[PDB]
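Given as structure tokens, the chain that follows is alone and in the form deposited without the named molecule.
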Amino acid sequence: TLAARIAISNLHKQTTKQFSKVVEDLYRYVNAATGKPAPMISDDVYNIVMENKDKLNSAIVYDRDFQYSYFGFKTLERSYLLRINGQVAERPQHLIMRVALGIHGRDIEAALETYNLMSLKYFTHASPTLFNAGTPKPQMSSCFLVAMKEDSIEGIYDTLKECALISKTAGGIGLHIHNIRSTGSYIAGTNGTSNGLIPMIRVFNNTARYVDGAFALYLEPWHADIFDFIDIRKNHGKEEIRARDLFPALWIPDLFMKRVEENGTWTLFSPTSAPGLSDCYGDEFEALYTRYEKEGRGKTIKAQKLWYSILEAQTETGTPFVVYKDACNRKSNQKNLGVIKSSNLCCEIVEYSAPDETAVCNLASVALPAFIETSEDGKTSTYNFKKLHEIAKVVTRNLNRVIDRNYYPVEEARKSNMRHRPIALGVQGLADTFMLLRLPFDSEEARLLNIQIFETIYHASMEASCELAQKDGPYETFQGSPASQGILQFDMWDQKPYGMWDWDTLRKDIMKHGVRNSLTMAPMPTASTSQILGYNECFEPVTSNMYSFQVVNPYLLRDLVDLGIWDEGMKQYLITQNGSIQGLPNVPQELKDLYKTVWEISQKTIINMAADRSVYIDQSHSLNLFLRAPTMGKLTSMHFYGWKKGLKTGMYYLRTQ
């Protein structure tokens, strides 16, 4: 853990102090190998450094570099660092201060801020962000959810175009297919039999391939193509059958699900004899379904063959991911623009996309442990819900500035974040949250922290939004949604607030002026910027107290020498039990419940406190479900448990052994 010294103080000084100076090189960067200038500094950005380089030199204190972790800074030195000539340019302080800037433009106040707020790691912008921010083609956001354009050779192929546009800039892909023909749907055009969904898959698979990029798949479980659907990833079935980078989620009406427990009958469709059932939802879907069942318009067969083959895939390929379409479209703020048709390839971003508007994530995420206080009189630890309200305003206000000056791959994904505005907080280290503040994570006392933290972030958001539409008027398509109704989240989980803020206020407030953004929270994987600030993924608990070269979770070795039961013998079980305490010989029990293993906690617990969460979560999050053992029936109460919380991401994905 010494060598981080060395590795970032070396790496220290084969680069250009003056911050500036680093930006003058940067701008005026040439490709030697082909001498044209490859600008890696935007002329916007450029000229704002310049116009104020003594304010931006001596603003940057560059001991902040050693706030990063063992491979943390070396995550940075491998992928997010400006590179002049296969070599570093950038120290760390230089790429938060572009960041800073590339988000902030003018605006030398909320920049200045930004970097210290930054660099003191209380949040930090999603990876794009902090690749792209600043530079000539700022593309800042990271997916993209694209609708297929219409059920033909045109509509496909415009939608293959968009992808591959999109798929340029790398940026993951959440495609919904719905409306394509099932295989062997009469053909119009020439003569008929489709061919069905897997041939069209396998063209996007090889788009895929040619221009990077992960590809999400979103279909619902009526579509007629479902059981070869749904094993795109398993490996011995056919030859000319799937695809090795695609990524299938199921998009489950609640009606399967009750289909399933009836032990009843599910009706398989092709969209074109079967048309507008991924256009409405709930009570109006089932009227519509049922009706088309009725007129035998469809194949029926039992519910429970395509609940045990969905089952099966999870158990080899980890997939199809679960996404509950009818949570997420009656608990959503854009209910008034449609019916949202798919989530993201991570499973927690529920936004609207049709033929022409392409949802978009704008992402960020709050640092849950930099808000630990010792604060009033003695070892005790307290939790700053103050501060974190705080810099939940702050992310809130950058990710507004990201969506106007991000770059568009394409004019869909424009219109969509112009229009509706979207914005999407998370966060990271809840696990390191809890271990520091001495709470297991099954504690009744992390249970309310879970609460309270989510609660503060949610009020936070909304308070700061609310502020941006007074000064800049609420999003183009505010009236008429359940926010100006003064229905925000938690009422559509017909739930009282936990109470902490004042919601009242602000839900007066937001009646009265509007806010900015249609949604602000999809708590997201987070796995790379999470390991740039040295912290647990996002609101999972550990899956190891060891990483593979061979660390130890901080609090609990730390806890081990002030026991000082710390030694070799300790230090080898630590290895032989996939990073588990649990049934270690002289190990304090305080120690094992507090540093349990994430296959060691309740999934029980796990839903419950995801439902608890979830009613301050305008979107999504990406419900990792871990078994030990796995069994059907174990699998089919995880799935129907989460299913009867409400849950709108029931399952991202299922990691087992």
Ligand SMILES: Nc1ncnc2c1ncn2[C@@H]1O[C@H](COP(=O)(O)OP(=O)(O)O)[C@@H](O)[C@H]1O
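Positions refer to the first chain, counted from 1. Each form is matched to the other, and the largest set of C-alpha atoms that superpose within 1.5 Å is called the rigid core. First, how it differs from the form deposited with the named molecule bound.
No residue of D283, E376, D494, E109 other than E376 has its CA displaced by 2 Å or more between these two forms when the core is superposed.
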Second form
Protein chains: 2
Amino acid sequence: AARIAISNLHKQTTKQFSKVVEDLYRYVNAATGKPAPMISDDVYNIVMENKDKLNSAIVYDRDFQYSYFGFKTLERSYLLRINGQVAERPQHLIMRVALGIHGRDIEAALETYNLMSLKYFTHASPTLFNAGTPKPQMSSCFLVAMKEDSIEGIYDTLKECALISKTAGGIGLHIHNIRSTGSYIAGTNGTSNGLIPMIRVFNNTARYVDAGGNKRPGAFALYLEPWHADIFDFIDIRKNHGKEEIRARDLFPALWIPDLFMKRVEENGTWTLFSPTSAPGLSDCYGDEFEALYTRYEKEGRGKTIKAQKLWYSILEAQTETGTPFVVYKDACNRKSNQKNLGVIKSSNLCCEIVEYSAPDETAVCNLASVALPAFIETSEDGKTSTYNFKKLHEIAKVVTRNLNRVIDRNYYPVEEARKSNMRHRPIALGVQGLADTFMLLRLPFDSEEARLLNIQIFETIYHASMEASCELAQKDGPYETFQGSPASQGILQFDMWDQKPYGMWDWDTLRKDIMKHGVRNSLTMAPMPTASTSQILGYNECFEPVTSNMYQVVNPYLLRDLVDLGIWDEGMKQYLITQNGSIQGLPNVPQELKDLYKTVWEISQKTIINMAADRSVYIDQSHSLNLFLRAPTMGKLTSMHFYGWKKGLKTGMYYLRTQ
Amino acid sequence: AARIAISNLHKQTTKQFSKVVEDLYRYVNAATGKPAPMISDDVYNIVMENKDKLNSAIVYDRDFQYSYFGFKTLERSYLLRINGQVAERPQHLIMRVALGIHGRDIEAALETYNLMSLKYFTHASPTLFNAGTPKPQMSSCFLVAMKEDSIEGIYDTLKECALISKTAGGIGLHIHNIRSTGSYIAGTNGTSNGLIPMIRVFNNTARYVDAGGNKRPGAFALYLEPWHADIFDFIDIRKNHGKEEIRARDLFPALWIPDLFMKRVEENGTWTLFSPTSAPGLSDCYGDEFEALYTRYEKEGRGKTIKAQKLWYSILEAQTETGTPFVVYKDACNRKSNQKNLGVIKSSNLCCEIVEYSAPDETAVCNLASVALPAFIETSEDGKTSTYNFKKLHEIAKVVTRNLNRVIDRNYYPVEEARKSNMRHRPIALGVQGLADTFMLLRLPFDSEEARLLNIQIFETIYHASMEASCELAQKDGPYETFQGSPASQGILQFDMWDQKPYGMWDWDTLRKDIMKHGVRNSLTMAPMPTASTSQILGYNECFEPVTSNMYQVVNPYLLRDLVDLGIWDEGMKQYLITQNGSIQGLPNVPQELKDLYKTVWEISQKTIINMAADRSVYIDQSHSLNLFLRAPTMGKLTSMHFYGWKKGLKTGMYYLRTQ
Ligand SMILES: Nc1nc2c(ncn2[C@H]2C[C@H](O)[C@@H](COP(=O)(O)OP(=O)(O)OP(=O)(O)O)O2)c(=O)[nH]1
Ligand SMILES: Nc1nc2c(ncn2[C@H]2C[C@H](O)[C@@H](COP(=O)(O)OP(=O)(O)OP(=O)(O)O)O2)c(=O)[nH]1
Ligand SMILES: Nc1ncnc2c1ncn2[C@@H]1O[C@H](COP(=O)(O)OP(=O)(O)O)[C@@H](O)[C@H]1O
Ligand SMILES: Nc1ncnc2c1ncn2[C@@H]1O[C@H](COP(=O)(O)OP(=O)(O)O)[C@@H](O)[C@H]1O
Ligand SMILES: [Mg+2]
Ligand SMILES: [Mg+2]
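Since we've got the form deposited without the named molecule here, give me the form deposited with the named molecule bound too.
Now the complete complex, all chains and molecules, led by this one.
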């Protein structure tokens, strides 16, 4: 039923790739008469200086590797359109991206093409949209420093967010340095109205600057340390009742939480709200130095004191009703980062996965790709028994590292703060998809001991691969110029800063030796992301999370197969699945091992989830996007899940909270 | 009953002025501990180098020249406050302003003080608020050029409006160069959403940047030529029903109307809407050159054609329901302006009185004062007969000219575009209040022939005075550096460009002689304004408009007196005045001459109004704020009043439309 919509595009599309390129490159806007080339000069020339190799490299059967709503995703917003009509076949997209990345290095270009066609890995949406086009904006993440506590700084920053927001890419914006409601203003002997009305401005600019033309309104995440005096209204930003003038329903509130806050809450003690003018320096330190400053300011009567658990209660009431604010731990992030030699890090990003240094003159950028976990499953020399090919994983992650590092040099930056930042530090971000499928396919329930060991092994091999590739690059071209002085420069790597020994699949000593000697090309390398749209392009389950339902109507393909094998699949079976809302538990005539393998995420303990996140995190340079799920959520239920994660030492304690 | 609130401030206030200054200069913000001097170094020193002259110059009886709600205006927002409590007596305010203006020129300082105390004239609110303070922002008007048709230009301009909006002063913003709904965007192969969503941004910045601290939200007027393609939604911006997402209820729409539009409407012909990208140059010319460009673009199929009267009908429906959009005539403004040698003028301002050149790098500023017309009435050598002292008027207008020109050199500009603009051209704006009182006091009904002659004489003497004072200044210091090439440089003055000979009270030939020889100091000098708050400080009727009602409860003091004189005033008299809504017409026992003198503005023909505006305008360098009033308004009624004004050659055809 879904080759019917595939084999109509093959009907109404040119075959030869270079002709498609020419077509795109020569395009003209009919309603206007101006030449609108959809390919850059650079890539045009490279295709033409090499027409015959490139044209014969493409294998068009690889267009059937796609699914029901997987293809109609590529169709509806990825493949370049000519006259509101699709002009690019899936393979054409892929080949374009490979060249946009590699330039005159044709050998690299063909390598990338193959591994993407076969679905080994994919680059993030911005790269899929823009690679190979006239002004190549391939980056997904921007972390912006609010430039100064003044109207000038504020409006300079607002400008920058619009300039960034108009060319794809999500924003993490940190605002801890903006004075709160009531605070004194010298220049006009007047009194500030604080964060919420200012939040309304950014909100309004978000709904106006609908990315590029009319593509889609912007998404901002805002980061605040919970000691800021406007905190109670900041967390409530997404409620759907009460006074309309105090909300801001297109933005996401995110908490940048210091350890001190969590102590006061479990101690059932006090918490003191400040304005950053009465208490300067607080976001410019962490850990011990911070607790020394905060405690003194608290002693000096400089703020207002509250019952710590009064705030907590509100925070939980907000999360239960709206699934926000997100929770990320400031101290964990700063203490365990290879960017520490640059200064203090002030926020994460839109999906709580990036952890990079930003300042008024440096805006942090990151470029992203995801490896497809199921692709490396190998049922080798007997069948009905499968193994996992870690040597191939290591191989692939090395190429993805080279791509992402080449992307840095060929990307178009929307703002000069971004170009300065990337050329100096060269951060990079790799992630994954299809974990649940990998588990399902290997017959491991998500909460099994076997699943836990696998999680650890995968993430170890990815980190080691990327560091090595980055080391070879530092041999050809130098190290990144900020390398001198880094934890890496002394032989401290990521698991080191968690005080753990690595699981040991790969040889860390020789890698460390080489690194200390020749340096490394990239300040950072790992940051597992949500894959919300790329994962369904490839047909795997989102991310590194379990399934939400055995029926999205279309039924779990691994479950489906199994019920037929056992005969039991009939019509009583069709029904109690749409009835029981995707649950196979408590179903009369169904074996236990199946019930075990097809637990819905509302049926797995959130304690298990936290543990697996804690396990992989020692292999992550940056952070990762951890959603949480609950049936009939009580205040107590949530409290324990937050504290549990905090104590495991997680950077990102909570992304969304989904309920009922 | 209103010396009760006056003689409590005299109770709770220091006498000696220099002590009040010291008090203000040494002020410290208790809640913060930072020194918050409410006076500049400069003025502090000058008071102290001259303590004894200045202290003994003030006459404190002049504090009783004020009214019921006239004083409680000064009180509630003008007099400098110390701890939420008033610290400045009316006379102190005045003396401060005089020094802020004059510096080390003590003689000038004392002259200004006296004439203000006695209520001869007053400066505009910003000057009353800020003169003599640390960063003196004395200007009321900013005309801003939208810097470029791009996100960068847009957000650069938004910044500038916030920087201007945070330090008092209203804004006129011209936006004719922003591409409309649907228009193509190259950089992101996408389609623009046009003016209305962009208007929502500026709206949102207006309600957020509540002038200075929390003083009061901003007021913007927006200027558009009615050929812009989003016009139909632009005029509807203040309707209070229909889709909430298309309105913008804190801004005022204003039409920058070319002659061509009005012709098409009376011809019952066609009108063509463009985007400024499909039709460039249109706001960068006027008159003939414009009609040549527009007609060609119309021929070249570059826009969309409509029935001219379809637009007109909407415009009138908008005005009838909301009193807006305002109407100002582009061609009249450009053709009759002494700034023509600089380039084409693109808008007026917030109250449709300023007409000055702006560009991305020059933001037009104007500083304003109003002369009090009743003050020069002289019942001389017999009583029960009054004359008008024009020689004193000429005298005073000369000093007000010197003040305003000194204000230019000592003003603090919020943005560099403003400082560049003023230092080069040096514009200036004088106006008036108490016309109706002047008429009432001199026993002339507003529609009398005698009233018409008086209007003309007043405005002639003011213009001639200001030009002469400006000529003497060009002798000491040079002419303004942009003087070479101006209509003034060749002997063409304002009435000249209306092709009229002056009424002749003053000697224009000798003035012209001197000007051609030595130049003049100021590019411009005259612009009668609304006086909405300054007029009630002084207790006179707003502006140059007739009375709205004989009872604002408090009854017309000239009417009141007259009814007692005739006995007829009793209780039947108290009632039929609150009953008849301030009208004395059709009142049984009341003489005709009284009915004639106390016509409410809803009882005077709007044709008379237009004529008087036309008469004075030949003596106005810039423009003036013309409100219009109607009982049971029909589409036809309005149409004739617009066209009538247009044909008289008015710059500002309509400010508000008040109804019922
Ligand atoms: N809502 C609102 N906030 C304002 C306004 N003016 C200033 N603020 C807030 C925004 C900034 O966070 C903070 C400082 O603003 P600026 O540095 O532009 O003010 P200024 O330099 O005159 O005063 P400062 O000496 O820095 O306190 O005050 C205003 O007119 N409206
Ligand atoms: N609402 C909205 N309008 C936009 C967006 N991008 C551009 N525009 C409008 C605003 C400007 O009036 C106009 C031109 O914008 P820019 O000059 O920044 O775009 P660019 O230089 O890429 O395209 P151009 O070659 O100038 O047409 O397009 C957007 O993302 N959202
Ligand atoms: N709705 C959105 N608007 C803007 N940016 C987004 C959005 N969703 C995700 N992003 C950006 O992409 C990253 C998340 O990636 P992901 O959800 O995996 O998207 P994709 O699969 O399309 O690459 C974030 O770091 C964020 O900066
Ligand atoms: N509500 C307002 N907000 C901002 N500026 C204003 C406002 N009202 C008037 N202005 C400014 O002052 C001028 C009008 O002066 P006027 O109404 O006579 O005020 P005032 O009597 O207080 O000086 C306009 O040119 C405008 O720039
Ligand atoms: Mg400042
Ligand atoms: Mg541009």
